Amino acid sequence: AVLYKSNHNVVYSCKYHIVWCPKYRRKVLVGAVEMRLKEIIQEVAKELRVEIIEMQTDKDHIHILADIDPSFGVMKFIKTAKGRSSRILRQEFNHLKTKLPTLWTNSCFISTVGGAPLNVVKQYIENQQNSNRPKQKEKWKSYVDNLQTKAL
């Protein structure tokens, strides 16, 4: 959910808007291709532990709203999503192979999305331990334990 926890002690929420277009901004992302593209991206996300919040395509581009573990790195998810989908789709639909040198370009757009944390930041500080005493360890455990994670 909105606020995750690293496998260790990193408290985060890293949502990214990602957008990239086919070679020549070709309008191939429709029908069969559009469907498989979304499926392939889905498999990559689960595998790379990326939370696809939203995802839609519109002929000459794909728009993804994703949550990504800051330790992992947005470009790793993109590298894979673009690389694989390109190999698969070009294998599945030949006009994507015979008419284009590649499926994608070396470009892509990325923007961080989120609003002023304010209170979330206050709760984070307040719950850090201020000693090794029992109460403190309990305060912290209760805090992080009540956070979302990304297994698989």
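Here, rigid core means the biggest group of C-alpha atoms that superpose within 1.5 Å across both forms. Positions refer to the first chain, counted from 1. Shifts are known only where both forms have a C-alpha. What changes on going to the form deposited in another entry:
Only one candidate in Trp20, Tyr16, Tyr12, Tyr143 has its Cα displaced by 2 Å or more between these two forms after core superposition: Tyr143. With a cut-off of 2 Å and the rigid core superposed, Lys122 has a Cα displacement that reaches or exceeds the cut-off between these two forms. Residues present in both forms were compared between these two forms after fitting on the core; consecutive runs of three or more with every C-alpha moved by 2 angstroms or more are 2-7, 115-152.
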The other form holds:
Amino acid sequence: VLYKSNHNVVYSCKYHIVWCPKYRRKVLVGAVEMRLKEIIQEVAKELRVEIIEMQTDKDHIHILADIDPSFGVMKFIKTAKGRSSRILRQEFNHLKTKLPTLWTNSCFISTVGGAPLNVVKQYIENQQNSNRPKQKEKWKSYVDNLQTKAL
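The structure above corresponds to the form deposited in one PDB entry; please give the structure of the form deposited in another entry next.
The text that comes after this line covers the one chain and nothing more.
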């Protein structure tokens, strides 16, 4: 797990984000799909967001991004959707004349870390009960590094 920092915070914030075209229209294909990913890389680059992985399918775009918590994941999403919509609708006439908007008003966001919820949960509850490891070998590297980083 790689941790970064801004002028006040030490963090590791990863998000799996997903959003669909309006009406789930299967328009994320070919040149549309390609341009869409290039625009989002552009957006991420200027918003200092790190795209760990990004793939699409006819009607969904999946993005795994590491975002400065203070900046805000929504500020990123808002920019990526908004800009891709404006641009793609200008480049691909069918997206302008056959749809009222390229995207919807919603999205799906799930946070992601180096270990599963239950592990972090236990580590937190273990704090005052001395050295009581998670298990034999399961996630030793994560817990060890964590004790060290959160010292």
